[PDB]
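Encoded as structure tokens, the following chain is the form solved without its partner chain, with no partner shown.
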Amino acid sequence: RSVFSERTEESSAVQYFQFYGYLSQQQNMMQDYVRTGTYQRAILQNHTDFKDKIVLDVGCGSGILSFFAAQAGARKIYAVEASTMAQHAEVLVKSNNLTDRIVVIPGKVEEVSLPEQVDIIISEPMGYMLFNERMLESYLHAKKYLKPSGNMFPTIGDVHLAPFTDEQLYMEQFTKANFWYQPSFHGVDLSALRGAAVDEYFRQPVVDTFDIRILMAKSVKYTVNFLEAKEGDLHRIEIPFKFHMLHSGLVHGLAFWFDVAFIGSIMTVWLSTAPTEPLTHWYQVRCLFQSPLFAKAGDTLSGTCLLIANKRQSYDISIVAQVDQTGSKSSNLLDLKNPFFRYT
């Protein structure tokens, strides 16, 4: 028993760490230039937060962030990695002649032993919609190793949500589902499953990007301060919203993105996944409503987005929304574990 094993189905964990054991998957993240370059910038431009310091890298993967901490002058970097990627990180530490400074520790951060407390924790634990993968909890957990007044890079995370209109995306779900609305598919009446098919498609958050013109109101922001938050704070995430509609139209759902800030002694550096910013491997995420809501400019769209952590390293998403002026309401349940990857 650890904190990780207690919150995670073994079958989910096996698949998860298998995925990250692939060099190709580490490469995918590494080649996201906005991601990798911003981390390097955050670390190097805040060199005083690393110079002669003790560092923990939570989920080091290839080791890339630990190498940046080394470039910034860290004395010692504990690089923790639970997948078989830990073996490859070790190879790189030796080939880059950094054995005196980067120590790879294979295992889950919730299960390993560190020899000493650290000045600063670095990690890239963000998933889709920020919270997917539940690795933010591992990052917060790692604070048991943090010296008092130690730092976290990133320091804070902001989730943004905004209502969108996208009639073509909405309609696409019914078109797919209507495969089932055939009374004689090779002589078989499939129609009884059409509703189940619709339900299945609407349960998948949509991962892709979009034009900012689809957004119908200024975003609402939910902030997690990684210096102050406890792991338990991420088990149930309640995001109330009150959108003041800037455009009239049919609201088909809520769009999500996230930013993180590295609040260093020299400067604050932001990594944004917003649709106004260059694209990242996180794209953006949209959660559809099964019934859209009509709203006019100046109306208020109010409700709650409730994210409930599950044992498959993800979240059950519940979105309830109403147009206050008409009482028209929509209620939606989504499975963040299994998004629809729409981008092309």
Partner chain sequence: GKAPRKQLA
The other form holds:
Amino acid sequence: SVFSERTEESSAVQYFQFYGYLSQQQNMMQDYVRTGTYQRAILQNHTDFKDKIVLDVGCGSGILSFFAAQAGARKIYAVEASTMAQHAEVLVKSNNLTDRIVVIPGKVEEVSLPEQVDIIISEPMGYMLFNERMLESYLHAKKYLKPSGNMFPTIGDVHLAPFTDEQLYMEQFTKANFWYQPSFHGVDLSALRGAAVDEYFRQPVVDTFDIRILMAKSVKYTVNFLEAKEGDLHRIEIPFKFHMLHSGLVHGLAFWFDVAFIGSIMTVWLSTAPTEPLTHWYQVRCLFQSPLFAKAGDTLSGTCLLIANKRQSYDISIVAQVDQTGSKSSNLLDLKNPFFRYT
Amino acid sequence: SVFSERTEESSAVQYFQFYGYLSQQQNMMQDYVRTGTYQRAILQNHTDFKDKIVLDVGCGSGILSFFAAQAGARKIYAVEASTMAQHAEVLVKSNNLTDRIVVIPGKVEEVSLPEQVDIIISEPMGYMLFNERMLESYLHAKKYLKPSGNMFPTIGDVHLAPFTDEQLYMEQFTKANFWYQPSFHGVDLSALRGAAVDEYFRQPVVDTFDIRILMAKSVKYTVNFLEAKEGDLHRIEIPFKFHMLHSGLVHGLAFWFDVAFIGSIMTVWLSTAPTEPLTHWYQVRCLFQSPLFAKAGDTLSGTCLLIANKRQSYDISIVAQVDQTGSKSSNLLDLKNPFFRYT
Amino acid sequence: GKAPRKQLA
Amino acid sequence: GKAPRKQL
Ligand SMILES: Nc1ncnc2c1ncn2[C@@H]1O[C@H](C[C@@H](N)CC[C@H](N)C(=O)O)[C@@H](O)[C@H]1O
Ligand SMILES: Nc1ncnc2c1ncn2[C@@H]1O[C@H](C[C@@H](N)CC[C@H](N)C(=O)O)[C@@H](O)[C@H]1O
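Given the form solved without its partner chain above, produce the structure of the same protein in the form deposited with its partner chain bound.
Next comes the full complex, and the chain you just saw is listed first.
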């Protein structure tokens, strides 16, 4: 299948095992901004659901399909690849909705639907938007979509912006200097210090932060889910040119994202920005191993290049330079192995 | 090989990935109780190393081989199956010990060794001693061991005791009871209440606690690494009969372990007991879904059964009863998936 | 990755 | 398991 083609069997196994935990479904369900906003987007756009056919891609517990039911949908196909599907089925019975929600166990790239749908709903956003590669599954599902049908969410915006955080930066060396000891129980560990530094710098940092670390207004990269194709996400090139609003040492780029549900009645947004209340997505920061000095008014240009891999994530390559000086920094990160820093 | 018959190839990859990181070797290394105790064990029993041949099973950074070298051993084969073996080789060079320590990358089940060894050293203990199934690699390695040659550690003691901790019980219970809600965003979740309790109570709790929570002298299960076959650890049966010293609710069994380095000169013990200073193994608790009420003077009897599995861990079953009332509790725990609660 | 979704308060 | 030894 398209799925097994781009995915190492073992990565898939781990992945659906994770989502097979009620505890992990719960963690997402309890994100109030997330779950509350999904519900509000669907109900306030009741005309996009009333008496409609819906496809819920990766339905998990069923929760989004219950919201589609609450807004008056006639038939909701709820696809789910983990063993959580059997739990979703129990809930459909116990909520007496067996003639309106049909749970279909399997990967959306492999199952069959008995008809085409008016609208597709999903929550496939990973941290940094793209982690997990599930947006490709959401896009793949468009094969089930009637001409002029809709997608909820409709578009995704990724935001990038430069930050200064001297302490975050210096902490990497603090940790690595464990190895800079000539006699750890009599053993000279020094030779591994460089490797230890490199290891820490490859991990994107997942936590939140005060917006005052941001040194310029974000640039955004948009994905239109109505128009995009799966292959558009195999190589994601994000050029940037930042107009520096603050002088200082630039230690990396910060990442967040927003999605919009563009309904017939209204457009509703779900934001994971550091200006908004916290979500279980936090925000993401990728450091430079060499920081860049800039001054307010300078221009920081470069490219963030995301290259999909077979473990349902991306290899991150970031190259940036301060134009006025031509000072430059380049960095490689493993999106599937982040440092979860928070508390 | 014995190893991959035992092990889901997938599990082996992820496992050795984890030990491939310097941060994780650092984490073990900076547990001073562990690292210093091993050093004392080895250095204080210098005659067991002086001019001997040594095998280090899973040498990681090589730290234990360096100790064996400090104690004056002739040759040390340092076997390591993760990519950490590269880093170990760097250290042997930078510490000018190329003539005494030989890194032999590969699983100890699969590699060849030039000669038989006088002694084997390892640190193969997991959570609750047995997690990871590394003890079976360590026992397997005795095929390289000479007649009357030694093991370090020599023996391992697993201790178990009943505990009372209502705050811990309630914390897990409260999480499960998310799935007792009849109207979460309008949705009746309650049919999954039972499944949720099962899943949460399946996870053993890894953290420390005060000895005051314990309600009876511990029961001991011993493994003699000199004598045991690796098949001895496929099915681990631990009967128990606790004479209760306090009245109250028994919320589960707590577990810890000790190992003894039975040297020619002296024995040195490494203990993860809750009476002893903290180590990175903490202690482990298996909670009962429904606690058992006990009077001081009662006997709490039953069996803890560990079935080894292909994900390099154990399925645990704990059946207990208060003899004086016939009040029983049966539980199944997934040792691979603990709840790390600490701090 | 190991834990694709992060635990929230 | 997924994280066989955790932090001290
Ligand atoms: N290719 C796929 N086919 C079917 N289900 C998938 C696929 N990829 C991911 N999933 C599931 O999609 C879900 C994504 C979750 N973020 C959302 C669960 C649920 N819709 C919720 O919003 O609470 C997980 O339950 C995954 O197991
Ligand atoms: N079957 C095996 N063959 C070789 N190495 C192994 C095997 N199983 C586990 N290991 C390694 O054994 C090590 C276990 C560690 N707890 C010990 C590291 C090191 N000896 C230390 O004390 O710091 C890890 O580095 C694993 O990669």
